[PDB]
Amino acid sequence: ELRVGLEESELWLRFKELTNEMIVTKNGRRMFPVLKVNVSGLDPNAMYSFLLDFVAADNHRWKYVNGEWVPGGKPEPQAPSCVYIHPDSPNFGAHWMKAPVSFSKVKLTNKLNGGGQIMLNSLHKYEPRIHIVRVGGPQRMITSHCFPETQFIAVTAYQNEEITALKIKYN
């Protein structure tokens, strides 16, 4: 059985208990914390690609109102985000299982852009999600996994200074 675990959940949970925020920019900003995933149970000899996308956790616009994030009352449907390919892809199971799979090079943007960068909507809440795609073999297979601990709101600047302080403390 394929097992997927979040590395450094301790730390992600401190961010989550404050409501996490991630900066987006026109050129694209790397994430802190970085999503790092522990994977066991792959076929060491099989070929896999690791994909990352961001699910819109709800259909609302969020605003920081007197020190608290509060959703709007005008939901719209959220078009799915684009998919980031881990740059190690494609690779052997052995490769993926020998150390945490670290998405350190994904950049989050607010503007339709060349590529690589993943466009999010500012002030929407997102739940990171990976797809593990068995490639090249006879049977294509996909295993997906969400990381609730890693939820955040996309922001053009930090609103909650407690988030600002944690980001600096741990970076």
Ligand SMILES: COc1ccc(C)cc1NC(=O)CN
Contents of the next structure:
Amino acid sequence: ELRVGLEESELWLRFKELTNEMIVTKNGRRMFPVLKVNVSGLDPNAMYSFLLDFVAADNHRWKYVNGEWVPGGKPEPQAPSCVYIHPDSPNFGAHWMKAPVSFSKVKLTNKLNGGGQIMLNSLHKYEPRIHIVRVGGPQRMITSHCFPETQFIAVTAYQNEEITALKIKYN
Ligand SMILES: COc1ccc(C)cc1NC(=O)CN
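Show the form deposited with the named molecule bound, please, because up to now only the form solved without the named molecule has appeared in this conversation.
Zooming out: every chain and molecule, the one shown earlier first.
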């Protein structure tokens, strides 16, 4: 059985208990914390690509009102985000299982942009998700995994200073 685990869940849970925020910019901003995944049970000799996307956790616009995040009352169906290909892709199962798979180079933006950067709906809440795609082989296969611990609201600047402080303390 293919096992997928979050590395540094301890730290993600500290962010999640405050409501996590990730900055989006026109040019794109890297994530802190970085999503790092522990993977076991791959065929060391099989070929895989690691994909990252962001699911809109709900259909609402969120606003920081008197020290607290609150959802709007006017939902709107959320279009799926684009997929980021881990730059080590494609690679042998052995490569992926030898150290945590680290999505350190994904950049989050608020503007339709050249290549790489993943565009998000601003002030929407997101749940990171990976797809492990077995490629090249006869039988194509996809395994998906969500990371609720890593949920965040996309922001153009931090709203909760407690988040600002944690981001600096642990970077
Ligand atoms: C600013 O709009 C967006 C940017 C990025 C993504 C993933 C979705 C949307 N909008 C929607 O999904 C609304 N149909």
